[PDB]
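Just one chain follows, in the form deposited without the partner chain, and it is written as structure tokens.
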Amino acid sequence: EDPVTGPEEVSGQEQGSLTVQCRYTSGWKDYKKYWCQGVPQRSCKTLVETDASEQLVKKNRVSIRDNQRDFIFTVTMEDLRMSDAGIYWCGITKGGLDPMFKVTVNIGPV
């Protein structure tokens, strides 16, 4: 299958939170995983990235935890703002073109 896959879209509410599950194939177990934002795709802004271990990492309001048993890294976006809406990417860091999957984030008020 595809190196990395996730939901096509995910929704959340202001001040609430949302979680994204980025599924990857076994071979990418020991690669750093990341959550990227914006376009162009290959110029996206990295919001958080792991160190290739299962240790949870957090930067600002985003968290990332890689489960190397089920091969899925979970991204959590908290204290959601309407401005958080947009295009994001599940990604796996490697020399060259990284495996990436586009995830559209929708945010609703109140």
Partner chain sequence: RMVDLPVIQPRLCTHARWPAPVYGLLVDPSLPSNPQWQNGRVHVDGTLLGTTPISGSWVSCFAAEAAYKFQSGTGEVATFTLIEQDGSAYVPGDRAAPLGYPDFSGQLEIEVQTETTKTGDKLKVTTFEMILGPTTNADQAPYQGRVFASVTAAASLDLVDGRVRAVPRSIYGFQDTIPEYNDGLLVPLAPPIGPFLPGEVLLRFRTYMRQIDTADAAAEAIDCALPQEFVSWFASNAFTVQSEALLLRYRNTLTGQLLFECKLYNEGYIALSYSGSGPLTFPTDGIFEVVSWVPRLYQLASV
The other form holds:
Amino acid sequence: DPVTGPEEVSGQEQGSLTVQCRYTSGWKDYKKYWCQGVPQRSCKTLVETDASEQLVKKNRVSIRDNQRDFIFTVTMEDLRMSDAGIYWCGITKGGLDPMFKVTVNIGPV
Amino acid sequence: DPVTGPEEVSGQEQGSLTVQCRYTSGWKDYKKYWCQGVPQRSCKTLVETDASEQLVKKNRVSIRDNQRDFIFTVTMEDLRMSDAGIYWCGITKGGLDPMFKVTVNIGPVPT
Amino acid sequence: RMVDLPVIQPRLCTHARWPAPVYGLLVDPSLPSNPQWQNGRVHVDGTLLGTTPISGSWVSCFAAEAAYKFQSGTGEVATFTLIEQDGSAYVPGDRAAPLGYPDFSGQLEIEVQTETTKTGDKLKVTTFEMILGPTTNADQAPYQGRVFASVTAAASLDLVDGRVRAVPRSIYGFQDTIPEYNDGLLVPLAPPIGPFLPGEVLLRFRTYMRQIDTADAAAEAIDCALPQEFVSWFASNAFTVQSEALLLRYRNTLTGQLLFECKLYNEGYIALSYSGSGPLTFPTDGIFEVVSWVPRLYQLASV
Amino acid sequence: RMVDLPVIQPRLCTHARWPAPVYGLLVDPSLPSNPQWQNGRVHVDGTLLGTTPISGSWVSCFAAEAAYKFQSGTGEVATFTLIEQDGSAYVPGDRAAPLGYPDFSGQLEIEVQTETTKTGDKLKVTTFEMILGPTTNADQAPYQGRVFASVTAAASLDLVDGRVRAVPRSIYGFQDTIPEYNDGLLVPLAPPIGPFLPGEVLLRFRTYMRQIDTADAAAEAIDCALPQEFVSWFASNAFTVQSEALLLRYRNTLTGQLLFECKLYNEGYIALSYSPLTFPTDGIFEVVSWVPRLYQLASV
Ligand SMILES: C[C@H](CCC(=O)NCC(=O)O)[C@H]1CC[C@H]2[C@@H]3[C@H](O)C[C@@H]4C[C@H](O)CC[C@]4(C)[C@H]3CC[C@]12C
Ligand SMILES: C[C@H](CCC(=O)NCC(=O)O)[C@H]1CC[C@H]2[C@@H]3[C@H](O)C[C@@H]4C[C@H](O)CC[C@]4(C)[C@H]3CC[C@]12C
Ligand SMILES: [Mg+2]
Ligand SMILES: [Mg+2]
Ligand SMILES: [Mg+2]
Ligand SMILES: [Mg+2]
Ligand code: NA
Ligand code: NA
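In place of the form deposited without the partner chain, the structure of the form solved in complex with the partner chain is requested.
Let us now look at the entire complex, which starts with that chain.
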């Protein structure tokens, strides 16, 4: 399968959480992103790379693509209680993107 | 499940085969039958009991309801190859009948 | 006002017996000459016959109060208490079924909005299986307002009873014969289409149904006498009938070529003079134009 | 010939944006006042606007040559090369998409005839999932003649490529905003419905779509400006326009009571003077006369 992640991930309010989305070698030079919401393919993209290993942070979310181990790491900072819900590990391509569903749970400190 | 039978059954030309349709006790006093063809609920009834244990014989198909062990047995004699196809164990009721799909295979005798 | 026809090509029209575009226009002498279709039946004066509805969205559909129960060995079983598709009460009368009810045979896949009590789900669309005919062991009686459908399931779907609109998804073992309208008993029916003069054959508006077929890939054709636009046109205009039949011309509007002349009988079917043995198909980009009234014995020029 | 209207009650009509009967007739000032619907748009002179088709069986449907490929993690993926629903070639022109293509957003379940190579099966009906809009990561371009759909499957469904007609089975996350017609770029569109004089509101013909909703059981409403019967009526009659709008009366066919008066603007929408109000659906629309665009109506 093109991209795999954790089925569920949990964090605490005002804290952080980390999600690791592993992918197969062929997808190295593609853009990776972190999506939020349903329907799946109309979700809001929170942050996206430029197909480099450079760290990119938008919408409280940062992403870094490790193109040696073929894993891009997503971190969500300053978590709110409203951040819980459906998210996706994504790989940008023409047509239907490879995507993986990740469930996010948030709790107090 | 209301009625169970053999998923696949095989016989040979000019020979016979037997099908056992087992049912749960609640369906004792209902009519039992042997159906043929698809769509399922538009099948042609080949033979049917009168909710008794009396044996019923049509042109080449027989049916007898054993209401102690809750099994009605269907017998097909003088098999032809055109007899192959989809069949059903049936229990007559108002609306949707309990039915079980039986696939019948026919082949020649080794020579 | 003199009777006229809508200026629409058949290829842009709606079929009257299956909710799909009209794809073909043909005559075929090898088919039954006097089909007893109950939908797509209208009189030129606007009288709707059989179960024919006005709107194409009623065709081969129904509406009902649904009651759901799980029966081991069968699955989730739906008892549909039929209602007219606009919500008004269905009363058994001079028609075979509620307006638009399917008038063919086979096993029909239908789609309904279902509501579940299972946690995490509320509204879903469930495919049901419903035997139509010609004869069933399910005691279907749409004439009396009740039909049975089922979906094969290992456990209950946990559905809530309520109102539904059912639309057709596919047909399995299609047969162009009237379904079981009344548990094997008889019902009021629109008469068979006809009669025809010697040499006259029915003009057929053809579409192809979504189907389930385990062995054959050929498309499943279904014919109607008039496209649905013609049905609502006659029903809305309420012309006065001034003779026995209407002489029509089917002509290409761009080239001007007259493709054939035909007869639209008052009873709502079109005849052509055709002596051939096999099916003859026609272009679908022509226009029907009323020429004049003619007697029933008016002899047409053969296709 | 002076413009006339079909003698059909709204409750007996076909909806123009989703293939279902008309169930409701209403005005609602709380909804968007100038919707940019692309189906159910006709001029009183017979000109079809936007992607509006003639037949109700084209509404929210499409036709295509389908090519199937299985992609692990996604399932069976369909590439639909769109064609006009009668088989004629689709050419990008002055419309957003092939005629009848959906003009709303959300996730659409569609049904197509598929052929399989698996033994024991040949012809089946497969449900596909297709994102419409408002914005997608699927790069839908019905304007350019190509859209993508998929079926979640662990292994290939073994489908044969061929021609298909796709009909809508359900809507998920419905939103009444135009879909992604051109991978985010803009396309030729019918203009927003309007304008309205002070106090005039759009008359809405309402139906309810089959829906997928994990939490809410309320019905999903969708409005159109004119029933489909009115669209083909104007398209076939090709009346001559003699002023700016037509004054209509909506009356009970049995009692004779006038329920309201309204104005049918030449551009194909009906306005009433109102300060949500639903109406009976068993009335008949009757043309009274041509009126100026500035004609003030009696309030409902
Ligand atoms: C839950 C569904 C809406 C979803 C749906 O199935 N829409 C049909 C479609 O998409 O084609 C509701 C919305 C309006 C309902 C209909 C209307 O209320 C009118 C009518 C009222 C009768 O009591 C029952 C039948 C009937 C005809 C209803 C059947 C169920 C409908 C169609
Ligand atoms: C396999 C299907 C028939 C089953 C079906 O999907 N019927 C539609 C329904 O039931 O609503 C075939 C039969 C005729 C075909 C259509 C006609 O040949 C006309 C047209 C021809 C184009 O090359 C492709 C699109 C288009 C429009 C075809 C799409 C696929 C259709 C509709
Ligand atoms: Mg019976
Ligand atoms: Mg077939
Ligand atoms: Mg894009
Ligand atoms: Mg909803
Ligand atoms: Na029965
Ligand atoms: Na994409």
